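Q: Residue strings, one per chain:
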Amino acid sequence: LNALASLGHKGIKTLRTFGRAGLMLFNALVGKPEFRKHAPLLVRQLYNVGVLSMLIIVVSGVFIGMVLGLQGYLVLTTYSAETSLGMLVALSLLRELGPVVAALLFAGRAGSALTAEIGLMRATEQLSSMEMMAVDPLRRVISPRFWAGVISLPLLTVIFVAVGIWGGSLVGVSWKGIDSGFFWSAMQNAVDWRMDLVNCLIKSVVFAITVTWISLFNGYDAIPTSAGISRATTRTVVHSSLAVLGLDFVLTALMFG
Amino acid sequence: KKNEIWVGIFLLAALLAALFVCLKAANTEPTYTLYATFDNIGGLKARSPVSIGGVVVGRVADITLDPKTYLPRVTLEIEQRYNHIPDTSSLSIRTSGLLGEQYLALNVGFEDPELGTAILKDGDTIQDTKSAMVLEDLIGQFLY
Amino acid sequence: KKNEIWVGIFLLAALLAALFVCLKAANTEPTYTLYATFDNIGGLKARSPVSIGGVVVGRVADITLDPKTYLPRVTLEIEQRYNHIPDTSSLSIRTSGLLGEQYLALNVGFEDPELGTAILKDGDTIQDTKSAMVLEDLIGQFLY
Amino acid sequence: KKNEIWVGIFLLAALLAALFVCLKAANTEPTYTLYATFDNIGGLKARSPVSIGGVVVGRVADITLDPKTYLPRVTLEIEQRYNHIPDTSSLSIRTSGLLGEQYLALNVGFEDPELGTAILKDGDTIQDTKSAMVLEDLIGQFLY
Amino acid sequence: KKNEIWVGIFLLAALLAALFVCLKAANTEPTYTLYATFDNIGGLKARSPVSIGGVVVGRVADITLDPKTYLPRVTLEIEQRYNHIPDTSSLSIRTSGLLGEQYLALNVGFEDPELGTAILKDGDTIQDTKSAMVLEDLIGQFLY
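Residue numbers (this note's numbering), protein chains in the order written: chain A, 35 to 291; chain B, 1409 to 1552; chain C, 1409 to 1552; chain D, 1409 to 1552; chain E, 1409 to 1552.
Don't take each hint at face value.
Claimed, not checked - If we take Cβ atoms under 7 Å as the criterion, some of the chain A residues that face chain D in the derived model are: (1) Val77; (2) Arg78; (3) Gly84; (4) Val85; (5) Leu86; (6) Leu89; (7) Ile90; (8) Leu231.
Because the hints were derived from the structure by calculation, they are not lab data.
Note that CB positions come from ideal geometry on N, CA and C, so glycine has one too.
Start from the sequences and build out the full structure, keeping to the hints where you can.
A: Now the structure itself:
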């Protein structure tokens, strides 16, 4: 068929980008494990992706806990169980929304703006002139950014769950008349460490490997004109947002199957 | 470029290979069926726990009444390594609460008679029923 | 092209193969209806268990009051292979405990009369005289 | 030198948040096991209260039938500092109500024989069963 | 022309999805009112099943006390087609279990007097009540 040949171009094309994503990343993390240069080089990158992404997490983290403490308060009162609020928002945050929402906003702020800095750096040929400097940029400019992600997002989640659960302890305890000593008490024997507390990290640290890789790859093969780069930014947000939910449904099957 | 497709394939193969063993454990045992004639199984649904003294030993499904004598004939699911059960066996339905599951908690014992020991495996029938978990019978009786 | 059209045929085949197998592991019976005159069905919902001796055989797929006499007219769903049932029957509403779902466990005996057997199939408005529980009549009974 | 400051706050703010969530969610002991063969275990799941006289001192981390003799072989979790419990022991299943957990409330005496005091520790199979409650049939027969 | 079609797919697919949430996921009858002065409504919330012989015929759309005589006046919700109700009636609140839901189970008959048949529709007041159903009688009649 005449139209089935237009798919024959795509089925080869869309798989070669997966070949480029492995081949770029494999060259990024092999050989010369130098630490004298990278240790001040990396800590400037954590100011880029960690500190600037910190404020949006906490100011949104108080709004999720205040909503779940408000909306959850109606569902417990219709089933007449006040004490369950402490084992509800602790339950819901630490296993469902903690890894999923924080990774969404991280794909929002740090996921997109990282891709902008990469493609712009090829657009003004700062990349193509660094090869004339005979320094391989994939270990030089990519791997300081790639480790800056996967170290950051676990520390972006544990700040999210904590300030999330503190705001949940406001509206139920203080405003909606519940004793303070009763609220933490049901929460004390609520959750264990082995299949809940470290399990929050396992969902979060496997998200950081994907989002940082899917962001920094789109900066590496984007069209260097000013049209193609902003196309690549809005291709990064939509592709990470499927991959966070394409993984979470798998990663909620193993832990609770 | 004749190498990108190869590392594209190896990435996607190891993507699905990690995926398939992931979905595997997140999802069984060859048993033998045992027939049982009852009187009432109201509330005992399919996949109900067969239990011996409190610990589960099988699954109660079958779901089907024999349409010539109208005794509820139920084939159980008792595992093949259960080979030394004597014939002294009672079949009882219990609920574990007021409304839990109404599961089957059958009784067995080692009352070996003076005629050898008959075995119960692979398609036999225990003609020992329980016949009641209706309260309206006996709360209807004493209250009149 | 040769390789391009081969790849387009390859991915199109596996898309229709996984779609058919997904319909396999992710999914009924032609029946006859019988009317009824149940005195009290407060607590009995739609698709409630219709049981003979506790063995669930049908569904209460109706839930409607006849707007002329206010003796409730309920259509049942009885399987077509149930062809040898006499008219001698009592229809009772049981609860499988205290708070279950108030299911229907009816009774059928083999009391064949001396006029021939009358059959129960295809629109027989069977007449029951259950007059189901309120329990507060029996409350005053032990409160003499 | 501005950037080196903020990261140091951030890892501290990561650490302040980590200690708070760990202490709130996470608020153990080496033991020995003690085998026990019973006649009725119905209603008792795992991690049920193992108690002497009424106060829980142990856990049932076993739940499994010995699949050669059909005696319910149960191992408990008695704390390792318990080295002066003699052989005079009677294992009894209590409920603390009509439905608490149907837990274990065993009894132990200090009655010394004339043949030395044999100890019960580190894998002993204690033999004084309860032949525990037949509670449904107990309510059924008394109600008649 | 490719975009004018795909918008029509987008607008139509939102329309089938709009029915799917209101027809399948969430789903009534104009009635007439009937006054009823009671003496005890403790436990009977609105929309409780107003029933004839146990079979529901109405719901409670009135929990209010008239602030001049201190007899709880409820206005019932009985459907428009109910046109042959004689005035012979008794009104009593029942429970459907030990603690089911505290529903109204009113009594009625066909007991025609020789002074006509007074109808019960479009806002009549029935002069009957059952202020006995409390949780204080059984603790005063089992022991005194």
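Q: None of the hints should be skipped; say for each whether it holds.
A: Status of each hint after checking the structure:
| no. | hint | in the structure |
| --- | --- | --- |
| 1 | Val77 | holds, 6 Å |
| 2 | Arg78 | holds, 6 Å |
| 3 | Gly84 | holds, 6 Å |
| 4 | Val85 | holds, 4 Å |
| 5 | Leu86 | violated, 9 Å |
| 6 | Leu89 | violated, 11 Å |
| 7 | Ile90 | violated, 14 Å |
| 8 | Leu231 | holds, 6 Å |
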